[PDB]
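Spelled out, the chains give:
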Amino acid sequence: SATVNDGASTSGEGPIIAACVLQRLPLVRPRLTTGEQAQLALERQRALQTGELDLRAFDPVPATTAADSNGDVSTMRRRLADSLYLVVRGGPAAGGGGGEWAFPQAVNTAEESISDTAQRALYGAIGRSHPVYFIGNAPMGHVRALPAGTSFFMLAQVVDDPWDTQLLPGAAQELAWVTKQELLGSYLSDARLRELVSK
Amino acid sequence: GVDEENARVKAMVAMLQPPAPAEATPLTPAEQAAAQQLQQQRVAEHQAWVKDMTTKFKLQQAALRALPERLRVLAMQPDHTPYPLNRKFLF
Amino acid sequence: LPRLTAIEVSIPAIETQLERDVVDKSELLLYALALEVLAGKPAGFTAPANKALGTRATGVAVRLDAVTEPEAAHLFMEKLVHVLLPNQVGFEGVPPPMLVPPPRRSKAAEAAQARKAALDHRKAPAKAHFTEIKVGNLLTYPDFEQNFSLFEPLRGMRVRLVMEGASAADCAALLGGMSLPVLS
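Chains as they are written, first to last, in PDB author numbering: chain G, 37 to 89, 112 to 257; chain D, 25 to 115; chain d, 12 to 195.
Any given hint might turn out to be false.
List time: in silico BS3-like cross-link candidates among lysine-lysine, alpha-carbon distance up to 27 Å [stated by the list, open to error]:
| id | chain 1 | residue 1 | chain 2 | residue 2 |
| --- | --- | --- | --- | --- |
| 1 | D | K80 | G | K257 |
| 2 | G | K238 | D | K34 |
| 3 | G | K257 | D | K112 |
| 4 | d | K52 | D | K34 |
| 5 | D | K80 | G | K238 |
| 6 | d | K145 | d | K52 |
| 7 | D | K34 | d | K36 |
| 8 | d | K62 | d | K118 |
| 9 | D | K75 | G | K257 |
| 10 | d | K90 | D | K112 |
| 11 | d | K118 | d | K90 |
| 12 | D | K82 | G | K257 |
| 13 | G | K238 | D | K75 |
| 14 | d | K138 | d | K118 |
| 15 | D | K112 | d | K145 |
| 16 | D | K34 | G | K257 |
Every beta carbon over 12 Å from chain G, so not counted as near; a handful from chain D, in silico [said to hold, decoys possible]:
| id | residue |
| --- | --- |
| 17 | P42 |
| 18 | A46 |
| 19 | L51 |
| 20 | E93 |
| 21 | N110 |
Note that these hints are calculated values from the structure, not bench results. The C-beta atom is built at its ideal place from N, Cα and C for all residues, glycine as well.
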């Protein structure tokens, strides 16, 4: 992370946001269909064959929890078969519930650069509690809503983090945990950025 | 007679690979068209994944142009922090 | 995702050859069976072009990633990250130049091997690494652990890596995100 002594701070008059998204890795392997994979693996092992010519304390761990994923999106206990992404619902108007949505966002310093700003933003949203690692120093998507307020989408991932709602500084209201198949569940608030996150 | 080493190397040379334990499988075209599907799975999966990577490459190429040179300098730093090893893979 | 293109597995056994013709072909024959179990690909008796120390081949070499469909290389990396790491002497993290850590930083002399104390050649097309697995690690391999009567002697084997990723440390870091203690 290098910072130049001088630069044109065009992003001081324009609120370009150093906003980062937490892409969680899915912990365990998703279950593939046993019948078709078993038939295919049987075919490949037949081809391999013809080509060459604690005990009471161990339980196989279940990969499913009773609570479903849709609707309740509070904590990390829903889908180990799919990636989940931290989506912050946009904050209230005066200190109550949320209306339109947003992302975990923080506007950049006019001098200090975007990616380290987003790493600091998701570093101070845990309140110096647990280390959260980062993926890339370059943004993934571009924002067409405001040409001055174009948010730069950096990416990060989960190591271990029990989150609190009262520590995200991008006007936090709630926490949403969804997959790329359902990143458009907030269509009433998001207009066209939800189409650009589909890449 | 034979020592333990001699019986060991006999059962070891004989079972370096297990010696011919397979029925030789023939194939005649009175089947279903499956090898077409077998190439289709891998071709479609690898091509969709590499299209995703090339589109991501296009976005990361076009990302860093509406922004001044210090933002390039943070964007064009070619080093990475070592990975924290606490990222357990697909179990 | 950043992945590799080539990998090799070799057991350089100078314990087999220290003479003109007294080669341990039967000892490397069980070593060949051990490499067939460990690698996941048919073993090869490493016939030396400089075969002036033995009547027959010395050591066993298997290439796991030269062929297409790179399942063998990934299975080799999965097996080594699963069980081959813990018995290493001086295993508290890996320094990036020598990808296997000794219980020291100084006094790492090179007597009869090459002087590659760094990662590889300075230009780095060839990412030659001294990944040396201990004899005890082959003793504690679980298939060998429950079949010790078939693999009675074990010899130190060294691994050399070829990565498509530009830097050796960052390419090793993604496979250290496979839970390999290479962080240091």
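Hint by hint, which ones does this structure get wrong, listed from lowest number up? Of the numbered hints given earlier, those the structure breaks are 2, 8, 11, 16, 17, 18, 19, 20 and 21, listed in rising order.
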